[PDB]
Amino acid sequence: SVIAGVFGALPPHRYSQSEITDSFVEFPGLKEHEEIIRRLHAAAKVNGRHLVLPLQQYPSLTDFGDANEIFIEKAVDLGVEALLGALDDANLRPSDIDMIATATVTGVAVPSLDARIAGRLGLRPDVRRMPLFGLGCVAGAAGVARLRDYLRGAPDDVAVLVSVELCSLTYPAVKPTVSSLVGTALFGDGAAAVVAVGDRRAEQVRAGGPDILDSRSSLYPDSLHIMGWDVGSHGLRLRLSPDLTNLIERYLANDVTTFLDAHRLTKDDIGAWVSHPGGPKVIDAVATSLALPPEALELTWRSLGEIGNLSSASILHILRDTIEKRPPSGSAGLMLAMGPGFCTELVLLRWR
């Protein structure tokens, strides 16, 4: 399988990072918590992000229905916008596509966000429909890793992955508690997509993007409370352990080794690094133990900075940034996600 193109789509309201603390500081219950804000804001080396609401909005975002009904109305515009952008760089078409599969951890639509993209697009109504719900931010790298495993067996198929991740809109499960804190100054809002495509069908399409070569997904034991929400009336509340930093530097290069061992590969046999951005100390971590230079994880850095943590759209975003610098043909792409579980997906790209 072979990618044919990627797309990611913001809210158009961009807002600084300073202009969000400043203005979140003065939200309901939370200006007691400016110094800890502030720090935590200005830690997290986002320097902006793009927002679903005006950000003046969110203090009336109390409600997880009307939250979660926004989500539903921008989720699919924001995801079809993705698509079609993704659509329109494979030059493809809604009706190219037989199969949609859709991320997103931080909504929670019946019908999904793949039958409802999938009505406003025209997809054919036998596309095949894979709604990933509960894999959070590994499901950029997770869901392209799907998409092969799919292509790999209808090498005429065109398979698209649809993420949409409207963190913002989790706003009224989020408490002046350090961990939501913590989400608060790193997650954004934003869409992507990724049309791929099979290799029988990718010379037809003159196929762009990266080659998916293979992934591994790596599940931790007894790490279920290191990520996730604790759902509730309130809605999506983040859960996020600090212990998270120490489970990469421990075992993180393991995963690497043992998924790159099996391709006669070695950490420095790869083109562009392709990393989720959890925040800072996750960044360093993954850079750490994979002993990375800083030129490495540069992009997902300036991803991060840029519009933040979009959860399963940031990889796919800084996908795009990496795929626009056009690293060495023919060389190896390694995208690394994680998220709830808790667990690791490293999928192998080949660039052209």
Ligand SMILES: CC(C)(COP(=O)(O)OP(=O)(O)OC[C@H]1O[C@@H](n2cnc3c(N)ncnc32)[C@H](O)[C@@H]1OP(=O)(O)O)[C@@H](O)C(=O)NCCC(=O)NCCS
Given for the second form:
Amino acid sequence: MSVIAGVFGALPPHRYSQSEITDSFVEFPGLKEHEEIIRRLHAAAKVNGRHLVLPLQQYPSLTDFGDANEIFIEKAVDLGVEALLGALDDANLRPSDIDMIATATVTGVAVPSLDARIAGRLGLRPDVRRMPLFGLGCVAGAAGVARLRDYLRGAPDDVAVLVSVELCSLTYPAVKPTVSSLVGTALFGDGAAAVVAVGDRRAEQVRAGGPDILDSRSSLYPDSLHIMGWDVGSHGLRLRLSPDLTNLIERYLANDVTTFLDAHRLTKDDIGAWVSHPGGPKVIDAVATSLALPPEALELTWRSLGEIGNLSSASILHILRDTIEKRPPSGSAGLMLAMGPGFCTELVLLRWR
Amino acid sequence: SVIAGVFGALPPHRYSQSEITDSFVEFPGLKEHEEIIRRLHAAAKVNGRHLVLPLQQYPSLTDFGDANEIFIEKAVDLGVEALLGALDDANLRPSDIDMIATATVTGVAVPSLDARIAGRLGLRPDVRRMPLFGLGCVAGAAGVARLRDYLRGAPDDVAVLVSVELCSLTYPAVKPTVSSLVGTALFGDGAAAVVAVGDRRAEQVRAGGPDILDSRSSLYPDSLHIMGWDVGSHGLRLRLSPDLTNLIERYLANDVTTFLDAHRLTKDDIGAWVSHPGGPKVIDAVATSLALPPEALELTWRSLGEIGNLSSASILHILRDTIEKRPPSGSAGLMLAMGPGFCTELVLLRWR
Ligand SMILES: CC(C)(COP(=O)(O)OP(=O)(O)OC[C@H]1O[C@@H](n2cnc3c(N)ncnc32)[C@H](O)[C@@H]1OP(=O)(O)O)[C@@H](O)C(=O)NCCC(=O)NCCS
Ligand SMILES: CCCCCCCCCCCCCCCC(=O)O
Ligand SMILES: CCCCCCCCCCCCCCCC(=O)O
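In place of the form solved without coenzyme A, output the structure of the form deposited with coenzyme A bound.
In what comes next, the whole complex appears, and the chain from above leads the way.
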């Protein structure tokens, strides 16, 4: 039932244009023959630029899972601590204040987990509570925020942090010129984000200025395991992405949104600010359509998609910060809407201050 | 909050340690390490383990892609078996579950096991999911702690923890190094589940098992190298450092004194010790650092011999053993696990 005190985004310094990425990409080994479909997919992606953890031309040398995942660990901890620290300072808080840290990634395999490494780097208390969320994927931005409330609900004086870090480009060893993988090369970029939330009694104490987290609802769809996820192997984390995904949103999302807003005696028109995960144009349109939304409602997520691509779990937290910068009217409601491997959906009710 | 059911599940393929060792030395390329292996396997004080696969199939499990696929299918089966068995113990149903947390470190699944388990068992579509990956051997205890944290903010709810560890399935990664060989002497397969309910739900549901009073985590400084995964083309390769036991002997007493002082308790106030069986040298160091009678640790020594090291799942099998022996009402119990971090987790229980 708590309150956000800090949101912060972090990106790798290497920034490229989509056209720059596409032009060099079609010149990679194995790939020139597929230039036509690559150019089409990358144009259709509605992404104009992406940040990457490695120099663009380093990727043809990134063939080994072991190398990729080791670079993942090094670079993910970096970005994660940069994201967290930015969030702490936005929240006028500091590492020793954190009672619990959550960590969301679907894009590398880290044991000891990321939270353990970030905790060691930023000097959080040895008794900090660790929640390593792996395999929630694109939904983990909303889901991590929900889990933070679930913690702070039972701890009103407490501070809890979520750090999302997604380095999609490092899954390159698993990438080959098949359609689904290539779709991936069109949308996904790298980035990280951190949310610092505080308990209700701690909220007055630290002048927590962000939105109130009022409630959440998970929604898991039957017989939809195959829709999204990885097919993990020796060449690494290989994307699975069915075309059927968009259809599932169109038939069931309106239902899940209306069933949830009802329980608060609100309807979707009472929502003053939408914060939706930017999966891709067809997806964003789908949630626009099925929810009968004006095109202004999802503008920030279209723009985030455009500027930095799809960041998996971190995207919705970037778009969340963008809307916090926008300063919606006080007392008005907001709704986080994320979806990913499951197939599932996550709704988080917000109240703007 | 308060535990309502604890249930372990194992593969039906069970083999004596000697069955295993004999077969193992004849595997591809480990004929010239017969001596070191036989020494390692005999000194593990494991007498048998459950394998999720036929013992003869392992020589063919050379591909990480193969092994992980088999992981996913076998792990949802075992996990479902444990939840069902803990649900039955609680006399509760799949529809009662408000939050499922899953712990594994032996396979990589997206979507996660909780996704797949919820599907197979028909949990509510609005069930809260908390897949935990990379806690390793601490997750059996740290999982119970996460449940108590959830149920403290939701005292009317039901939260479960399913721990599934299929360690044998990491065979693609093992080679004749001391580290990997030690792991092939120690680790077994199996699963376990815990059902727990909020305080306001405890009466209405007649929750049998122990209250969950508190927990403390302890993340040691500059200790990444102690335990973890070397991830690569061949899958998940064991990273296990000699300095582990000396870490315990140096810092374990501090961790537990610090925790118990916050409740003004002494080591003698603890009626039941529920510790992870990380092998003989680890169990010795727990006893030694905490000056415990050979009595106090016997239930985990027993688990180690019968079933082997099940990663996060072992401590829950032992929690079921301690419960079924019924400690005296109102007496205190301490779960004590350790995993990659390096970290340590303590959970304080009160019994019935
Ligand atoms: C990737 C994307 C930007 C490109 O779309 P686009 O160029 O208009 O192309 P279309 O979707 O109209 O589909 C046309 C073709 O691409 C194929 N295609 C699109 N997405 C595909 C996928 N995920 N897997 C396999 N094929 C796919 C179609 O099957 C079709 O092939 P065909 O002409 O031979 O029949 C768009 O499909 C999209 O937004 N996908 C959603 C991404 C997603 O699922 N994100 C999940 C995060 S929640
Ligand atoms: C050509 C250089 C850049 C390549 C950039 C994209 C590399 C990765 C492609 C697959 C991305 C998958 C992201 C999946 C997130 C999820 O499953 O939730
Ligand atoms: C004939 C083979 C029998 C089975 C041999 C299985 C050997 C498994 C070795 C690796 C176990 C790894 C457990 C790691 C737990 C953790 O991450 O803390």
